[PDB]
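Peer 1: Following the hints, complete the assembly by docking chains D, C, U, S, R, V and W with the ligands onto the known chain L.
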Amino acid sequence: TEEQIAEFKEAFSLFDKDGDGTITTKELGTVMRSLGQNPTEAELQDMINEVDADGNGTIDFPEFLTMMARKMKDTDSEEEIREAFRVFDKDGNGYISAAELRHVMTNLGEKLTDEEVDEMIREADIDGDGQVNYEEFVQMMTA
Amino acid sequence: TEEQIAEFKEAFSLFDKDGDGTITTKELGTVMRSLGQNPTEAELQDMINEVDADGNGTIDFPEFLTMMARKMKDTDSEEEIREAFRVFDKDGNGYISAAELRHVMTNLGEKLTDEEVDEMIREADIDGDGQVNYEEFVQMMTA
Amino acid sequence: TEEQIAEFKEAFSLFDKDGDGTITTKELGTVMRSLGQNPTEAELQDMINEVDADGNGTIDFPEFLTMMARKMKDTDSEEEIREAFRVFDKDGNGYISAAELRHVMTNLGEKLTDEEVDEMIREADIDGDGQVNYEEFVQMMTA
Amino acid sequence: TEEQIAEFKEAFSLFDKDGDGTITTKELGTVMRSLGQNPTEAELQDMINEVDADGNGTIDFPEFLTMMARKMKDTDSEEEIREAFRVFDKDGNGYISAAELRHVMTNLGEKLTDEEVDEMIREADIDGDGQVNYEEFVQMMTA
Amino acid sequence: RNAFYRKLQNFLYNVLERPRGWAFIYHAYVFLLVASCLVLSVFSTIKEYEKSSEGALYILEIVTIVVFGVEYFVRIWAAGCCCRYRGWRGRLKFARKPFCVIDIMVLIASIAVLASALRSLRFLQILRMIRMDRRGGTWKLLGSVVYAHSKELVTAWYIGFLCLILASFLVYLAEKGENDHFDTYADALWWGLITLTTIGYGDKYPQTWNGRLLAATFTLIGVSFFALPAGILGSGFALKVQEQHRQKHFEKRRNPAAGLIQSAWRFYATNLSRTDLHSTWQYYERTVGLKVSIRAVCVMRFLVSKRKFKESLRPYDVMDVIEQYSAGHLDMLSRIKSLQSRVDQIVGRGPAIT
Amino acid sequence: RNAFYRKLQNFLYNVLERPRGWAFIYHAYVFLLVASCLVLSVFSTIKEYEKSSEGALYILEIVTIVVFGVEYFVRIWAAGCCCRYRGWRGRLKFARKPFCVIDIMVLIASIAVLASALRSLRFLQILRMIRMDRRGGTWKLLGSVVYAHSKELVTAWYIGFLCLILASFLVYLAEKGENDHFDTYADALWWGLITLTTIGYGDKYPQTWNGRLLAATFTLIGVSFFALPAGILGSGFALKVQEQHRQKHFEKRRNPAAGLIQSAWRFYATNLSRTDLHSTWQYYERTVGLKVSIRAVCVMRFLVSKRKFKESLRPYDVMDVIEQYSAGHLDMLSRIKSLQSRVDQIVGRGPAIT
Amino acid sequence: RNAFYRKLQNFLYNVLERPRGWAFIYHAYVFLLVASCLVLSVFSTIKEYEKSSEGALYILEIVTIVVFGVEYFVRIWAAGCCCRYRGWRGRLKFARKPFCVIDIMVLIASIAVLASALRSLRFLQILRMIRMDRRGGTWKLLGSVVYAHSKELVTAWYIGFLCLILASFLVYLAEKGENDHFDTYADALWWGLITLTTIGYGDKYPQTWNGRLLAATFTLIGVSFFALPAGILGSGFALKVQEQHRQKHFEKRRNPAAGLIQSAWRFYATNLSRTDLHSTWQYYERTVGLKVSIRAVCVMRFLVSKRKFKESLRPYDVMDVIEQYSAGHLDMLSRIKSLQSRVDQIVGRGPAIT
Amino acid sequence: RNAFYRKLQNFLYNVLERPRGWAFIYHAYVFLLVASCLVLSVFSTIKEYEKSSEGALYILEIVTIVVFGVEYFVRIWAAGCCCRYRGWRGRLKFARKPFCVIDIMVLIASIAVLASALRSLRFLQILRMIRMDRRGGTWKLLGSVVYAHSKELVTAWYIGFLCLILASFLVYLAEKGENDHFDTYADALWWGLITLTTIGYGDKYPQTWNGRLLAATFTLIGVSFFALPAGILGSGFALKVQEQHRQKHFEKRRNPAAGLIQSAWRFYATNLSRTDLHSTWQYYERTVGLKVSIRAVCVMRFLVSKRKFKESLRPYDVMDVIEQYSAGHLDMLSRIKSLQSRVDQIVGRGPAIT
Ligand SMILES: C=C(C)[C@@H]1CCC(C)=C[C@H]1c1c(O)cc(CCCCC)cc1O
Ligand SMILES: C=C(C)[C@@H]1CCC(C)=C[C@H]1c1c(O)cc(CCCCC)cc1O
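Protein chains in written order, with the numbering used here: chain L, 1 to 143; chain D, 1001 to 1143; chain C, 2001 to 2143; chain U, 3001 to 3143; chain S, 4001 to 4354; chain R, 5001 to 5354; chain V, 6001 to 6354; chain W, 7001 to 7354.
Extracted from the complex, chain L is given alone in its bound form:
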């Protein structure tokens, strides 16, 4: 709705320092640096082309609006997360102890800290078992 558009206007002003209505790779890099993490120019280009519909080397506002507005259900992100969890579940039993998950997210890629893993497990251990099946997990993010 209109308030969402206004929030998107404010956000775009925050990234779009030049105010040209396009998010340049330099603008994205500087805003990310303000956030703190240090990505690579090739990964910034990956950013763009993932979010860059018009292929202008930047981000027109409609792309940003659609990307913020899109929900995980709309993203069609079920099979991929399913396959990831299946990959991490060696036994193929459909379940995995929360301790192993805590270990993995704190050691792979964008390493996840203690509070985040506590939160995900709390939202996952609906049955209080620890051997969180990933079907309930995927339907949890989708729902």
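Check the hints yourself; a few may be wrong.
Straight line, CA to CA, 30 Å or less: simulated BS3-like cross-link-like pairs of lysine-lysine [stated by the list, open to error]:
| id | chain 1 | residue 1 | chain 2 | residue 2 |
| --- | --- | --- | --- | --- |
| 1 | W | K7337 | L | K73 |
| 2 | R | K5047 | V | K6176 |
| 3 | U | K3090 | S | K4252 |
| 4 | S | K4308 | R | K5151 |
| 5 | R | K5151 | V | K6240 |
| 6 | W | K7291 | L | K9 |
| 7 | V | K6240 | W | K7291 |
| 8 | R | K5291 | R | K5248 |
| 9 | R | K5310 | R | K5240 |
| 10 | W | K7248 | D | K1090 |
| 11 | S | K4151 | V | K6140 |
| 12 | R | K5310 | W | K7051 |
| 13 | R | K5310 | L | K90 |
| 14 | R | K5291 | U | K3009 |
| 15 | V | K6252 | S | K4151 |
| 16 | D | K1071 | D | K1017 |
| 17 | W | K7310 | R | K5308 |
| 18 | R | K5308 | U | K3111 |
| 19 | U | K3073 | R | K5047 |
| 20 | L | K73 | S | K4151 |
| 21 | D | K1073 | S | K4337 |
| 22 | W | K7240 | W | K7151 |
| 23 | W | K7291 | R | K5310 |
| 24 | R | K5310 | S | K4248 |
| 25 | S | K4310 | R | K5047 |
| 26 | C | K2073 | C | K2009 |
| 27 | S | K4337 | W | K7337 |
| 28 | S | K4310 | R | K5337 |
Simulated from the structure, these hints should not be mistaken for laboratory data.
Peer 2: Just chains D, C, U, S, R, V and W with the ligands, lined up with the frame of chain L:
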């Protein structure tokens, strides 16, 4: 209906110069030459056997009637076009920018000109995205 | 029903010359010779074990009753005939000209004569096309 | 219900000689020896980890309660038994003579004696054929 | 009486033509006789053993010419029992084919010599030895394998030939005068060939350390590329024989499929409930309670042919199972399409009912 | 007491028969002893070292004959603990088999020599060396591989033999008089063989440029076809061992399947709700709160056997997964057929309700 | 008139560039001419045959230089008909590429020699022989195969080199003085190389029994590892050619897919019921009862292109069928998801109706 | 400042340890230096070139010892930057491992010689040459391949050894006195070995026609079985490297899967609608309109990681696709089970409604 049969009579007279009720490979070749394109005698035989039910080296009228009358839905032409588009979609994402399609049809096989591609894209960009998914496309011809 | 049992009694008496209630391989061979064809003792054993539930080297009456009584639908003979026809349909189009079928049955295995092929094609060319699809055929025997 | 909990209390007291609320591998071994069979310490560890949710080298009472209480339907033990029977059915016909089954269970693994096989076949030969299909069998244990 | 005569003549035709069982043993024994003849001729070439070698070779040649003559006569006689060729005209027309001409020229040459002859005898032995094949299967297989791997074989030949030329020339330069072996570039080429192929006679070998170094550094690569084609052809032979086995398996599937379709049609037309269809009944009566017996026989035939065909539908390959199950999956697609249409009509009735 | 004796005798039978672990090491050590004996005999053949070689070989022969005698005696003793053969009659009946006869003839020959003997000793060593196999696995594998590739090997032999004959004859013609090496065609055949096989002794080699050219152009092809069979047999060995591994995997699947079925039936009959079925209860009581404990044990057995079998259902191959999933897909076909029937009954009720 | 001229010039460009049919035969015949030139040069190197060899080689060189000059001129002329390069400027710009420079240097060297020259002639022959490739396909294939198997080749080289060094050093120690062959370690290294590679010249071979024993025990392993790379490269060549065939098959699939999409769009826009879309109608009129004839032609084009594409969708591989059927299976997933949603709405209506 | 120092020290550790890019080139150049040293030593062994060979070898040895010393010092220094080993204690504890001990013994021996020495220098060169591996990958690969094909290699060895023994003994019998080459059985064994392996020195070769015949008939089979192991090991190497590639691919799949799960959880917790979950918000604030910007960044991270993981889910094999699609098919089974239950409840409601 009857008017369709009359139109088919007129068409058959147009190809069947001999008036024998059969479309000979020579008659097909000359009518095509009048149309303008230049096919090969082997490809003309391919024509026949594709449309030649009786295997007489020609086309009896019922074959022509059925071939004109048949609709794309009756043709069972969904999986094949699906597979073609999937072949042209390298990413497997299910979508393809209309620019790539324009490039392909203007460069492969029976090369397609500007007006035809503009028309197909107009009939395809129902959502106005340019990244025409081929599911809506196939259901568009079928519908 | 009872009349069916009586007919089976008469048939069993016809094969079971010894009258022992069991169809010996010798009895089957002699009745077949009366029929005319000449099979092999190993193929006669194949006969038995196909119809021999009790594994006595003969055929107890219940086996014969069940075998006569069983209908093609009960036989679960859909996928096999489907696969056979698919094998004979090189194009994979799902259809085959009746001429090719006539040629095949008159040349392979228990070669089929003219009257039989005329009858099957008549019962198959419900649409009068000659390119009998085998789906209508299989559902025809099953029905 | 409560009576089930009381029965589980009695059983746990029977295994848990130490009375510590945990079934140690030694306690399991001695109770099994009282039963009569002689397993291996590695197989005892397999026992534990199969029933050991908390991974303490023993069995907390909730694990025992869940394991006794769980029913074969809850166990999700359909595909596995299906595959086992399919393995033992060389013909792939879906059926197997009860004599072969009697032979197998009396010769493989935890060899099964005469009374047990008589009982299973009685519960399996609902149609009185001997060629027990395993679909009725699996739905019999599940039901 | 004549039935047995024709049966035996057809069996003889089968034996001399494509054999299955112990006819392989007869072919192997005639092969043994010809091989004994070749070795006896080789020994007769030797001077010391010429006496006994020739003494045995004369009788062996008599026996072999007799055997080949009787075999050719039996072949021509049996050519007149097959469908294509019958009687005298058929056998004579069959003899017009080239292979029979090769055999008859061999026979007449053997008679002429047996009725500078050593070279003619050697050539005749070579011709008959290439003849024992009688079908050209080996040459067809080799040609197909070479054509399939034409690119690999051609690139291997190119690289190996270039390595041979280069290494030979460098060694020649390095041993122009310091070694008597490599006086001329032709000598160097001979050396390079007999090294890269790993024959290594030892008549020629570099003796200057520069030549030895060049020979080593080039012979490693050269022997590798010269050995390549052996493995390439081995793999090609294996793959080609596998493909031939697959084709034979598919034909063995084709035949019982027709058997099953025939038996199924016969059984369907054999139902006593319907009487409009009499073709199967007429056929069985012509071949000949009675009708139920005929139906019993025909349903048995259907059952046994179903067993035979289902057994004949064995995997033999991943591709085969994928193909069959994919036909099944397309059937699944059709069924789910029907279910979609049915649920659509249900949702259409919904508001109509409500 | 006797239980330990029978257990150890059965263990000895297993060790002398099919070994699994360190019995391989015992077999390898006896292999080392026999090999040392062979090399000592070879050295004793030499004249210079005959003294010390014989001095060591006498004691080595004593040790080896003692070891073989004790091994054969232990084998015959352990033959009387297996199910087929027991006691004295069983062991004697087992000795009636041919392999035991070969071993006993070897032993008695060793005793006779130890109680022109050089040739007999050599033959006895050869016989025992072929004996160490004790199962014929290598020969079975080689025969199976040759039979499987019979066509490829036969065509390779045909082409190679023809190339050998032709090249040898052409070289012989090209070097009839200009070279002393190729005086007779037998000499040429020997040369052609020792070249095409790439042995290349160097005793015979063409010296006329025509002969050298012919030898080159033919030896390329000849060495290729002569090397073919090595690669063919290597591939065959690999494939055959893979097939044997697949069969062993399927047997290892067979056993836990029976284990699971047994445990599942026991657990199903172990439910306390129903009392009509007592077979499992009687069996467990015979082997021997209590009943719930028995049910706990049996359900644990079901769980552990389910784990074991599910692990045992590993792919090991594409074909395996395709087969299992295709069984699942046929199940899918059945389920969709049921759904079609159900939607048909729904559409039938439609007009009935409406 | 000019149309035929341009067509023939383009055909010449195709012939000199990538050939398909009998242009292969022209390339093979020029290859035969160059090979005859090389063998004639080799013979001219020999002293005895120098006279006639040179007499023929002069005219052969004249013919070959003429042929190469005309071929290069035709190539440069045809460079001016392709899209990239036209007329004079295009041909000259194409000549700026390196391969044309190599060819022109070869031609000018041939002219200069034809207008210590033996070494220059040999080098020019080597250069042109490496030139006949004209595309570098063989070298690309070899490099790709080596890179793919870099680990296997490197480990084989490491093990073989270590075995060579060790065996050579041990033999050198065992034959330092007792054999004249192995006076220096370099001699031992040469011996070890010519043994492990199985060349076996015979100039050097151990004569002391210790040396013979060491040579045997090491040469088994050494020859095994020295033969490894041949088989490795053969397998690599086979796999690489299979991959290239797969890529070509996928391109041959790509083209008819576009053909089908074009024809399908044309046919869809060709329906007479709707008149808003005229693009196809305008195109066909520009190329030119009449309209129904156009629709007949276009629907025929759709049918024939559908046949062509469906044939083009042949398996060629397990992976291909798995990919296509997996797309179908994802479609199945979508359809069953829709059915789940529909049955959910049915169960929602249930209580609403009830 | 210190950050750059630690970064460069870690980079040095990576370079000396597992290299990726141009560190391969540094390793190859040090390999070139060591190889130049070995060849210079070989030449110094020769008498004629001893002068200049030694003159260059002294300076080359100086350079190589300097390079090896600096490399070992850098390795030990960089051992104190990895997680396991830090500072002085970590480096010293790392040096306790055996490979560092081998390197330090090599270095001290080089210093001692540089501060009958020829044999020590040769042994040190051999030790360092086996050292350049630094990881044992080649030996691990070879051992794994041998173990995998243990049965094929063992049967090939058995058959080849038996053929060698038998053919050698028969030739020895056939040439006991008529040939000086085969005076003793050891001589015959040497001949048989150097023939079957196809080395063919030519020092020994049968000269009696009986011996030649036996040698031919046995050498065909012998050379076939002696060549077997080369192809067997080549195939084994190929398969093992393929398996290693598959494992590396699966690890490369493992990592982005965790990346995607992390990003998905972060994005899910980043929704502004819910405020109970703050972990991701706190983490991003700690790392640091603003909140919507954070959500934009996190949803972008989810999208890009989804792209990366989906790309990482490439087939690489038939088995992989079968596994993934089979997981999908089990999902299909679950969904159709749910549909069956739903249609069952529909048919239950039927009579209830009706
Ligand atoms: C029909 C066979 C056996 C193949 C294929 C046809 C050709 C031209 C020769 C055979 C062959 C060699 O016999 C040897 C090499 C190595 C290169 C030698 C340099 C001249 C390659 C090479 O393909
Ligand atoms: C391009 C070819 C043909 C390969 C790959 C590149 C390399 C360095 C050599 C070839 C090759 C040999 O020619 C010989 C061996 C055996 C070891 C010999 C010891 C020095 C291995 C080895 O890879």
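Peer 1: Hint by hint, note whether the structure agrees.
Peer 2: Evaluation of the provided hints:
A threshold of 30 Å between alpha carbons decides the hint, and for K7337 (chain W) with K73 (chain L) the separation of about 24 Å falls inside it, so the pair holds. A C-alpha spacing of about 23 Å is found between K5047 (chain R) and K6176 (chain V), which places the hinted pair at or below 30 Å, so the restraint holds. Distance hint between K3090 (chain U) and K4252 (chain S) is fulfilled; the C-alpha atoms sit about 22 Å from each other, no more than 30 Å. A distance of roughly 28 Å separates the Cα atoms of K4308 (chain S) and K5151 (chain R); the hinted pair therefore holds under the 30 Å criterion.
At roughly 27 Å between alpha-carbon atoms, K5151 (chain R) and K6240 (chain V) fall within 30 Å of each other, so this suggested pair holds. A C-alpha spacing of about 13 Å is found between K7291 (chain W) and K9 (chain L), which places the hinted pair at or below 30 Å, so the restraint holds. A distance of roughly 53 Å separates the Cα atoms of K6240 (chain V) and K7291 (chain W); the hinted pair therefore is violated under the 30 Å criterion. Note on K5291 (chain R) and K5248 (chain R): the hinted pairing is violated, with a Cα-Cα distance of about 39 Å set against a maximum of 30 Å.
Taking the CA atoms of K5310 (chain R) and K5240 (chain R), the gap is about 27 Å. The hint holds against a cut of 30 Å. Taking the CA atoms of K7248 (chain W) and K1090 (chain D), the gap is near 25 Å; set against the 30 Å cutoff, the hint holds. Restraint check: the Cα-Cα separation between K4151 (chain S) and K6140 (chain V) comes to about 12 Å, which is no more than 30 Å; the hinted pair holds. Restraint check for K5310 (chain R) and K7051 (chain W): the C-alpha separation of about 73 Å exceeds 30 Å, so the hint is violated.
Under the criterion of a C-alpha separation no larger than 30 Å, the hint pairing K5310 (chain R) with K90 (chain L) is consistent with the structure, at around 13 Å. A hinted pair counts as satisfied when its Cα atoms are at most 30 Å apart, and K5291 (chain R) with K3009 (chain U) qualifies at roughly 13 Å. Using a Cα cut-off of 30 Å, the hinted pair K6252 (chain V) and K4151 (chain S) holds, with the two alpha carbons roughly 20 Å apart. At roughly 27 Å between alpha-carbon atoms, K1071 (chain D) and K1017 (chain D) fall within 30 Å of each other, so this suggested pair holds.
This hinted pair does not check out: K7310 (chain W) and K5308 (chain R) have alpha carbons roughly 33 Å apart, beyond 30 Å. Taken as a hint, the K5308 (chain R) and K3111 (chain U) pair is honoured in the structure, with Cα atoms around 17 Å apart against an allowance of 30 Å. For the hint pairing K3073 (chain U) with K5047 (chain R), the CA-to-CA distance comes to about 83 Å; that exceeds 30 Å, so the pair is violated. Of the pairs offered as hints, the one joining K73 (chain L) and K4151 (chain S) is violated, with about 52 Å between alpha carbons and a cut-off of 30 Å exceeded.
Taking the CA atoms of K1073 (chain D) and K4337 (chain S), the gap is about 14 Å. The hint holds against a cut of 30 Å. Straight-line distance between C-alpha atoms of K7240 (chain W) and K7151 (chain W) comes to about 17 Å, which keeps the hinted pair within the 30 Å bound. Between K7291 (chain W) and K5310 (chain R), the direct Cα distance comes to roughly 48 Å. Violation of the 30 Å bound is thereby established for this hinted pair. At roughly 37 Å between alpha-carbon atoms, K5310 (chain R) and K4248 (chain S) are farther apart than 30 Å, so this suggested pair is violated.
Distance hint between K4310 (chain S) and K5047 (chain R) is unfulfilled; the C-alpha atoms sit about 71 Å from each other, more than 30 Å. With a C-alpha separation of about 24 Å, the suggested pair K2073 (chain C) and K2009 (chain C) falls inside the 30 Å cut-off, and the hint holds. Between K4337 (chain S) and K7337 (chain W) the alpha-carbon distance is near 18 Å, which keeps this suggested pair within the 30 Å criterion. Among the hinted pairs, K4310 (chain S) with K5337 (chain R) is consistent with the structure: their alpha-carbon atoms are about 21 Å apart, no more than 30 Å.
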